[PDB]
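Shown here is one chain on its own, the form deposited without the partner chain, set out as structure tokens.
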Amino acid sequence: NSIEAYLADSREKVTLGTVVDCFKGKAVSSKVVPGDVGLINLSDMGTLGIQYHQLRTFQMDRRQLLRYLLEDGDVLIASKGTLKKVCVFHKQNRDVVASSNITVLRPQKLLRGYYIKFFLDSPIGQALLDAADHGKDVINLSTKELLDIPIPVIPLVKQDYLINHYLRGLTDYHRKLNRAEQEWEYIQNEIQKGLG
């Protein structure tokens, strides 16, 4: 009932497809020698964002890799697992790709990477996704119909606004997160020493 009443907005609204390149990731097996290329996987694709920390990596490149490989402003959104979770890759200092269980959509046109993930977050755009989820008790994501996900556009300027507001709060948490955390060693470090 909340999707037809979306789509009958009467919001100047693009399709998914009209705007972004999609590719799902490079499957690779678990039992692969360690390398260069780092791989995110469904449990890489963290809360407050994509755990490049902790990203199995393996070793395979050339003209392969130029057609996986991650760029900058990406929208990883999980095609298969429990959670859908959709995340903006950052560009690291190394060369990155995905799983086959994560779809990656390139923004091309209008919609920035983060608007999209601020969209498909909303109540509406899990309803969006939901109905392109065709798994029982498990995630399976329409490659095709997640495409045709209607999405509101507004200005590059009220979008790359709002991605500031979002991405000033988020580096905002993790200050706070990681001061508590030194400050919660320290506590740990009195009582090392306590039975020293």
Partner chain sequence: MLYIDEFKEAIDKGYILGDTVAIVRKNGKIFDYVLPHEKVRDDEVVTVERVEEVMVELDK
Second form
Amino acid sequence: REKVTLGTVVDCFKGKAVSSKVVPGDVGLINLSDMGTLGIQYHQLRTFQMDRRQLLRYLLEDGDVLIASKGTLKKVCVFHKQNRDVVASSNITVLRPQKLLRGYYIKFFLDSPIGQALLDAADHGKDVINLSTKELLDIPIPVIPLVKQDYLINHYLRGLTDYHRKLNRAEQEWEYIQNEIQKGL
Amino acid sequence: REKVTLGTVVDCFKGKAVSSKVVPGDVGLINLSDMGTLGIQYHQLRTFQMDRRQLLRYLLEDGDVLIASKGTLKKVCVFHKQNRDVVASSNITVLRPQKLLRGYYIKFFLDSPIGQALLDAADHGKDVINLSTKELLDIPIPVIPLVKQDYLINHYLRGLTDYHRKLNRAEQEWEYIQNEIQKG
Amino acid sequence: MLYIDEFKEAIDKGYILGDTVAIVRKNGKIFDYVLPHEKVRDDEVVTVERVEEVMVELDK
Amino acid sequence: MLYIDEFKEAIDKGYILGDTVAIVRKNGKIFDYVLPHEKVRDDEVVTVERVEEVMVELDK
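Switching forms now, from the form deposited without the partner chain to the form solved in complex with the partner chain, please provide the structure.
Now the full complex is given, and it begins with the chain already shown.
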């Protein structure tokens, strides 16, 4: 397969550095603690305030890949457009697809056995993570048809949404049985 | 309803105090961190050594109710007989049913809206928990037929096991889909 | 190893009755108590002591 | 607030080219930089300063 280097198909920038002293405002914030394995935990995001000029630089758009560039866990999530303005924190590296590759397709590749190897080879930290943006952007990704990526992404998303269907229904039933008993007494 | 006071139908004793310095040995230990919401996490219990005599006093038996008498949340579990000797730690209060009431029936009651009210009224700690055995043992429970408790317990247990099957299958499917895609 | 809470509890439960109690000592220190129907290892040294006095020795 | 990592990043990306840069100062201290096509608010004080010198003032 031919491969495009990540730096030739995405725009990459670190997230905004936000001090703990903020005015909870209107713009949402994604931090390491909001990066779950099943996506971003949009419901528990720390809100704050940012000027429009600086906010526009770090504003996130549908399909961005958020990568944990610090911490002890190399996580990778794709951003889904929300009803508010959301930016990522300085501990996260944003990849904005330009051409050819889908955000989720880059997510699958970096979640693959080889992806983790290439991500760990770009790490400058022994115990903590200190990802090297240059080495990150030298990562080669197989390049396939755009409709084929969409087809795998459409089904991946179907399984993720169905995964939440099943989990919520399994919990909703167990809670009903639990209450069928409590009322019995 | 007729009610029996908890201390009239159970043998109650706190768990053994075990220092972090113990030889990981043969007898398992249940701690606050092993008391899950879906039961005890038997796979991650801390093992250690205990003399036969002191072990025999604290040995747990099928059906014992473990209550978090310390910590930050009042958790209540029922002990299931294990493949090894298991004891509860000093942060846990053990209730061993004598007669009339089933262990799981006591578990339902203490997890009910009234059970929490009666358990928090026995709490001697402001921010942390310091449950008082005296007042815990004064809690009155409605008394119902033993065969009817068992029927509700059989129905509670099957839903708990079915809840685990449903959960495992959703995870086993999501992982199958996830890997059907890496093939590409 | 016996702690002051475990000895206290056995007194309030009615398991240690009377003014004396059987005490096993390892290397001179209090290791455990022995109730009427418990089995002592062959190699353990049992001494019958006063409960008030054993309560204060563990207190320290 | 502008931090030292965001300014250098904009320089390595080619967004701040040349030896000078537009800088908004709040109450005398560095608040933000301004790129060619960005919007400066009516109430903000823009000065054109040198990148090496703006990079060293942030070091403190």
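Numbering follows the first chain given and starts at 1. The term rigid core refers to the most C-alpha atoms you can superpose between the two forms while keeping them within 1.5 Å.
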Query raised in the report: Taking the rigid core as reference, does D172 move its C-alpha 2 Å or further between these two forms?
Result: no
Query raised in the report: Quick one: core overlaid, is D21 moving 2 Å or more at the Cα between these two forms?
Result: no
